[PDB]
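One chain comes next, on its own, written as structure tokens: the form solved without the ligand.
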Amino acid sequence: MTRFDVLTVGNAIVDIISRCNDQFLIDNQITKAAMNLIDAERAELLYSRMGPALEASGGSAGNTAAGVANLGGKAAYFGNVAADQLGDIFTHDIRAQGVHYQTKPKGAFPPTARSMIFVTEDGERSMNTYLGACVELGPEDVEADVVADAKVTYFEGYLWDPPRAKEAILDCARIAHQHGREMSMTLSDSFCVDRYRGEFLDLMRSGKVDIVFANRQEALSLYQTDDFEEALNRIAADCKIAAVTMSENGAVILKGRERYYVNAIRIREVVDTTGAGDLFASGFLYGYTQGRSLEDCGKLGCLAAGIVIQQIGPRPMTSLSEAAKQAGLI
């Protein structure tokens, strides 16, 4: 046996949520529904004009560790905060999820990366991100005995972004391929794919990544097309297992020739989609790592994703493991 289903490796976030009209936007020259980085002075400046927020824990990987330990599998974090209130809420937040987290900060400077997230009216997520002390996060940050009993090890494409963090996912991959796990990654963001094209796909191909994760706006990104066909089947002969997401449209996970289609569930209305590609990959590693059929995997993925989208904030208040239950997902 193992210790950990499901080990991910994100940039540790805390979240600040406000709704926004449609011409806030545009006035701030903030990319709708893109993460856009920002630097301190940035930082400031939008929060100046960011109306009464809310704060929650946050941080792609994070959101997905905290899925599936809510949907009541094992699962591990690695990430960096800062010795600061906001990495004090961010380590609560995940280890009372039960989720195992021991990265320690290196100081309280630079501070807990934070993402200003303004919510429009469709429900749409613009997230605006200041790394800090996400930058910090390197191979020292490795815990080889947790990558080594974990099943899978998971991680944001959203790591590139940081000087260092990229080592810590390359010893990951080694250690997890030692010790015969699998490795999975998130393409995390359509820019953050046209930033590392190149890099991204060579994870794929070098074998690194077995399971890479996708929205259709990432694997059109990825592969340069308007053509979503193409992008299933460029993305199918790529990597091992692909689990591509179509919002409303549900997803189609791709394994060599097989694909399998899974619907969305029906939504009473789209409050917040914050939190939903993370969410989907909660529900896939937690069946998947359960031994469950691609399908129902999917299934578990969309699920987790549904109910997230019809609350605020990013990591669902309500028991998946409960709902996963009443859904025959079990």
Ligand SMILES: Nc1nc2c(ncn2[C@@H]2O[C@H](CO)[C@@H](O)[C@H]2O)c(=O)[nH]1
Given for the second form:
There are 2 protein chains.
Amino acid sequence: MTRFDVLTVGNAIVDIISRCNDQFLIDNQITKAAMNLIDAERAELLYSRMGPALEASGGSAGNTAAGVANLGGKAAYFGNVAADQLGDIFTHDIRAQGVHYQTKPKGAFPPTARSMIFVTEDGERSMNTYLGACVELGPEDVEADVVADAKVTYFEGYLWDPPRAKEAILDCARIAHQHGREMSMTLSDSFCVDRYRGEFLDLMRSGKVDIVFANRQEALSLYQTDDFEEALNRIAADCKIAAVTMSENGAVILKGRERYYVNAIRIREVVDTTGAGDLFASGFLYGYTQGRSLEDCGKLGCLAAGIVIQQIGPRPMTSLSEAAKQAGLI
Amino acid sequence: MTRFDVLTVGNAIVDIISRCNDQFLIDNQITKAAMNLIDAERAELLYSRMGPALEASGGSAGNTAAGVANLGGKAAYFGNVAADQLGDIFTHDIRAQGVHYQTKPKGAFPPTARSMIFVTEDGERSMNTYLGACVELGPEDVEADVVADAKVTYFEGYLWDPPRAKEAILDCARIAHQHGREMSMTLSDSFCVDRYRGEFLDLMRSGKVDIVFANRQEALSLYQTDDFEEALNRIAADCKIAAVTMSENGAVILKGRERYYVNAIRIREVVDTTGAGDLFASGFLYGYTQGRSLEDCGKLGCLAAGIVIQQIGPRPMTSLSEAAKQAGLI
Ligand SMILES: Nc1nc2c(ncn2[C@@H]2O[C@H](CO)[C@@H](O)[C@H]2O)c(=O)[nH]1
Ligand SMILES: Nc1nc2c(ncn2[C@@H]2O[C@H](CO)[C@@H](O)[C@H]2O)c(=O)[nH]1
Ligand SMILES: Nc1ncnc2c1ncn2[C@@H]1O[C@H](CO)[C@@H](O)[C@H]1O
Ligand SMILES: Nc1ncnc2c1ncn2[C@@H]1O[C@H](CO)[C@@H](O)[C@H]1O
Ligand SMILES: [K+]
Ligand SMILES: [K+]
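Could you please show the structure of the form deposited with the ligand bound, as a counterpart to the form solved without the ligand just displayed?
Let us now look at the entire complex, which starts with that chain.
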């Protein structure tokens, strides 16, 4: 038996969420639909301009782990919070979902990471992230037994921003592959890809990463192209399996020359897109670690993603396993 | 001119919200639909049993103040938080809505009040409140100039639980009436009324309170009767104006022998009832301080209340002023 289906590793963040008008993003020089890194001064400034908000546990990989647990898989998470109230919220929410979470805070300062997420009328989300205690995630936080006992270890491209997190991930790759497990990553954000393009390609080409998640813009950014067909051909050559999402156009799963196209589900309304890619990964990796076909993995991904975008909060509040049963994906 | 239309005074609380099944309340001996006071140990215990949650600024009077500001009225708030992250959230949210909020934290312990609110499938809400820093609210927190400059000062029956808050309220009553202003209270909760029945009646009969808010169960509790008609007659005899809500059956406003019935909004599906009474008071008091008819104050209350129960979070995230305009209440 394997202790865990999916271990995820990422920046442990609490989301601070508010709806804004289109002009707010322009006035504050916030890049729409992107992850904008901010310092403590800028965090204070933006918060002062933000309307009344709601808080919810976030973090890309955090959300993915939670989604796997929701669907019925066995999940674990590495990510560093502070010993403060926001850290306690994060710890509570992930553990309450039944995700193994044991990363120890190193003190109260720097404080727990937070992201101010501004949701526009079109449902797009623009994130402004102070990493705080995330900068302290390092090799000391790798629970080697957990990596050793997880079918897939999945990590964020976002981890290349803090200083020592990459060293943890290299340790995870070694342990995972020594124990016959698979490694996976998400490209996270097109500007993140702009920052770490060479490093990400090296991860794939050296075989440190076996399965890659991207959206259209991230794939385009990875190869600095406007040609989506080129991006697909190249990503298929650079990694064993690629899952590429295309928003309302669903997704395509690539393996060698194999291509499997999957439709997006029908939705009532795009309330808030926060978590879409994270939950696509949840559904895909749940399917994958249950031995499902790549097409069915895609379908599970699109189902979870479609559900999360119809609510406020990056982690579905409803039962994904029940939704999967109803959709006949079981 | 007057600086403020409505000053509210209450327990400053951050809500921690989760959906639960019916059995959870029974298993945990939580009184359904009520405010259950808890100590620090019980707070830890219930949190350990709670699922993934969302946080949102709460506090009955805090919600009411926010609602008045949302509608376009000029509002202020007294309530005590701690110098901690939850306190910072509370401070941000109320000030961001444009409510005057200047109450200074006294330290980091006790920490900021929180309430674990469990919402059942029927949309009912069952609150479990650790008062924390609320126990420190006292006469030293009365901004005398603010009370002097507010058309109405409104406070929670809930304030009779912490030890010294009542002293602040009596100071408010004196200043308000010395400056020709009006005093208002909500009965808050039927068990709260059970606890402080004699004191509440004394506040009304002595003329310290001019305008009283109750729901059906609170009014019944106040006179320990099963006869709602008796309750209406008696409450009208005990205070100058009474606003009595009847859930789906709308509301009735009483002044001496005058009675004005108002219809509730027909609701598609009740999402979460948290804040219904608070926002009824927002609509009523906004109308009242704009010189509107008692019936129209009722209509405004029912409009705001109907909006808040169709969302997660006790403070409407949409424009109440715009809804009031569409409704011809303006
Ligand atoms: N139906 C629909 N699905 C979306 C939309 N945006 C994102 N998604 C889903 O979320 C995933 C990641 O963006 C996509 O593969 C889709 O499955 C949308 O606008 N409509
Ligand atoms: N339509 C409707 N309104 C409600 C309900 N519960 C509370 N409210 C509104 O909120 C106020 C306080 O409960 C009432 O006067 C109602 O207008 C409900 O179930 N249906
Ligand atoms: N730098 C970051 N690293 C990891 N996750 C992030 C970052 N910024 C925002 N997020 C998370 O992205 C999620 C949506 O994909 C949000 O829940 C938010 O917490
Ligand atoms: N003891 C209390 N005093 C004042 N407000 C409270 C108390 N317990 C819960 N609340 C608030 O009641 C609101 C709903 O009316 C919630 O937002 C919650 O924060
Ligand atoms: K969402
Ligand atoms: K609500």
